[PDB]
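Missing here is one protein chain; the remaining ones are kept as they sit in the complex.
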Amino acid sequence: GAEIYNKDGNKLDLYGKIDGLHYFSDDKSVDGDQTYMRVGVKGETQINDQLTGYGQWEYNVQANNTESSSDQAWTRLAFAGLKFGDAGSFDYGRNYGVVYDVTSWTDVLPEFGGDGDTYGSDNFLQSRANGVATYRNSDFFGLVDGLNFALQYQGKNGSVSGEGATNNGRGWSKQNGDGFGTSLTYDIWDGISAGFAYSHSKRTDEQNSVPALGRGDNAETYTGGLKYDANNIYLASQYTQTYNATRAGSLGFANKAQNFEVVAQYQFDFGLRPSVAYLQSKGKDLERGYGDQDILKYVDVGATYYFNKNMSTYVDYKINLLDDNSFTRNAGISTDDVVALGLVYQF
Amino acid sequence: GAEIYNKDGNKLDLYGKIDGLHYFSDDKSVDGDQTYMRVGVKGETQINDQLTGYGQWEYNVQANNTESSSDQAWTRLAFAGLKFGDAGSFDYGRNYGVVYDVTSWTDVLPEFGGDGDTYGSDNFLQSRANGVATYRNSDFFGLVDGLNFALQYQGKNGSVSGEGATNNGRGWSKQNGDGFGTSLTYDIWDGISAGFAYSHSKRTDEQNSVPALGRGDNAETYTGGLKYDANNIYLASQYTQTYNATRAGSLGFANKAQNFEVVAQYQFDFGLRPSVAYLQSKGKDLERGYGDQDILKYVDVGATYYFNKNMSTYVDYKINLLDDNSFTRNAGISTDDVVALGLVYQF
Partner (left out) sequence: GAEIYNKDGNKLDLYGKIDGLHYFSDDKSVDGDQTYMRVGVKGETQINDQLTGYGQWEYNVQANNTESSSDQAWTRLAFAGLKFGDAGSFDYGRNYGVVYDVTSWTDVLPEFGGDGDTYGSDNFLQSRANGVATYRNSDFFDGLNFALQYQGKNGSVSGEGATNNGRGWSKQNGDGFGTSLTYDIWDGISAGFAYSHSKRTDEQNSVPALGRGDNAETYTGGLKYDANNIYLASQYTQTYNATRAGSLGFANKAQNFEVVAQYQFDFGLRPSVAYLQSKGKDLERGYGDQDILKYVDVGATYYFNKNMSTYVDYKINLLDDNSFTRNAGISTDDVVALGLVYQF
């Protein structure tokens, strides 16, 4: 919310939040203060009757470290686009890959869930990504109400230097080759929705040489999801099968992985919203003797109290079901439980 | 000021400044361009008759280095809270330690003084800190006009890794253990005020093992202060005794220290505001032969001309009274004088 400018067919929306947040956990890399804020601008300009231009920026600013600390802020989203009425829309920038058009349905926990769990950011087209061109079509050309599809292309984001480089190089875990993806979602009834998404990306030579885990020329995802949202009830599930595309912690990628998320929530009238969820990620055919391994496994219980549209408080309890083993230690995968308390101002 | 949004019980205040600033000094680490700007947002949401929610963010952006330089921006404040009428308020985030509810009375110099002098930031509850929970009460529940108090808790902010670590680790000089603090201020008249503050924090293992100077399990501060602010006159003093809490430059902490600051100012009607001040920090029982040492000692003379509420210019002259000795050289403590010239736009 927060329209700070609306004049002569041009609109500007300032949005964000300040999330005062603490984690409690035996895992010392997670435990402690997690206060952060987000700030963003959504902009819109009417060009003619049939054509609207738009842009959006969203910035994450950590506030949990010192004034001399490093790397405390980063861009989540930055894209510009055109909306052609009901012929669709096109934008290019740092945006969400289309797979999240479906997996977002289970990304509604009070605090945990979403990117960092069964998938991450800069993880092919599974979450936020550098350099995505995205075509979106609403209601199948104004014909079939509730039917949305999207087509997406991502250019190579390669190594810092050497043969595989681009200008915007990173480490292997956040690299991609050329890739594409597609999503499709349908509101079969009101309240009920189904969705599919697919993605295919080339992998880079660094991804196939530097880490010990994961080999193949191509990274692929296949996703199906369901969602019930009505009568103060929210149910959703997401099942995703991946090839060479799911991080096996710090050790590389899983040659194959199966990811599952399900969540159930109720919204009481006085503002309380309890939540229970289950998330797992099962990795298959890992090298170096790892074989089949749990990448992620937890039950999640929590609640959010909404004071109003601008202020809320919440607790979330991640009940970790992973067994501590040599895979979890070497890959840096947490096996401890975590409680989160937070107080949030939003604008 | 600058209310850019006020609609349906939600308001948003965009504030900050642009400070065109040059230092002149024989100290090469201080001398030269010091231009920087501050930007922030104060937000408030009415929830119900008795309850208001709020948050606040403040960012510091250096502009005195190049476009390829590192670490030029950081968060000063980020916190969210609830105000329950005269039963008090609560907020959590990066915020001011309650000790500063008193020492702030002397932090009114044209340019110098404040953090970096007798205390710093991320320095237990002496200034801005990570992860403080702060309960405040004004006018003692509405029953005693001018009587304010605060109770504050701070979670451990530990090492980058090892046994003593938290998620948001930093170096020993900005670490803290679990700690609390309290403050109390009373307006005897509407210009004259007295105040006290206390804090107690656990020290971390790195604070006792890495630096040469300062040993103890606990950090403690006792602060009393006085203030006269009326009839265009401003007199203020603050006295603070510390234990294992005051930085001995880069060498560690002073086992005990005494800090004194006093300042007098006068506001002319045409907008000129002269200022004289005196500041010192005397460290005691330092290890390695140092014994008693001056940590800070200087006289300050300067003036601010206010063109209006949005624009000012100022000079400030720090006449440094430290002897250049082995302690000051080894601790990285400046012994040179400094002149500052500034032009400031504020919104």
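When the chains are written out, they are named A and B in that same order, and each has its own residue count from 1.
In this text, contacts are C-beta pairs under 8 Å (C-beta built on N, C-alpha and C of every residue); 3 or more make two chains touch, one makes a residue touch a chain.
J.: Could you tell me which of A:38, A:170 or A:202 touches the chain that is not displayed?
T.: Final answer for the missing-chain contact: A:170.
J.: Sort through B:14, B:262 or B:299 and give me the one touching the missing partner chain.
T.: B:14
J.: Mind pulling the chain B residues that touch the left-out chain?
T.: 1-4, 14, 17-23, 28-37, 39, 61-70, 72-73, 307-308, 310-311, 343-345, 347
J.: Could you list which residues of chain A touch the chain missing from the display?
T.: Counting only chain A, the missing chain is touched by 4-5, 7, 10, 12, 41, 43, 45, 47, 51, 53-57, 59-60, 70-71, 73-82, 91-94, 121-122, 128, 130-131, 155-158, 165-168, 170, 174.
In this text, only the chains that are shown with their structure count from here on.
J.: What is the distance in Å between the mean C-alpha positions of chain A and chain B?
T.: Taking the average C-alpha coordinate of chain A and of chain B, the gap between them is 38 Å.
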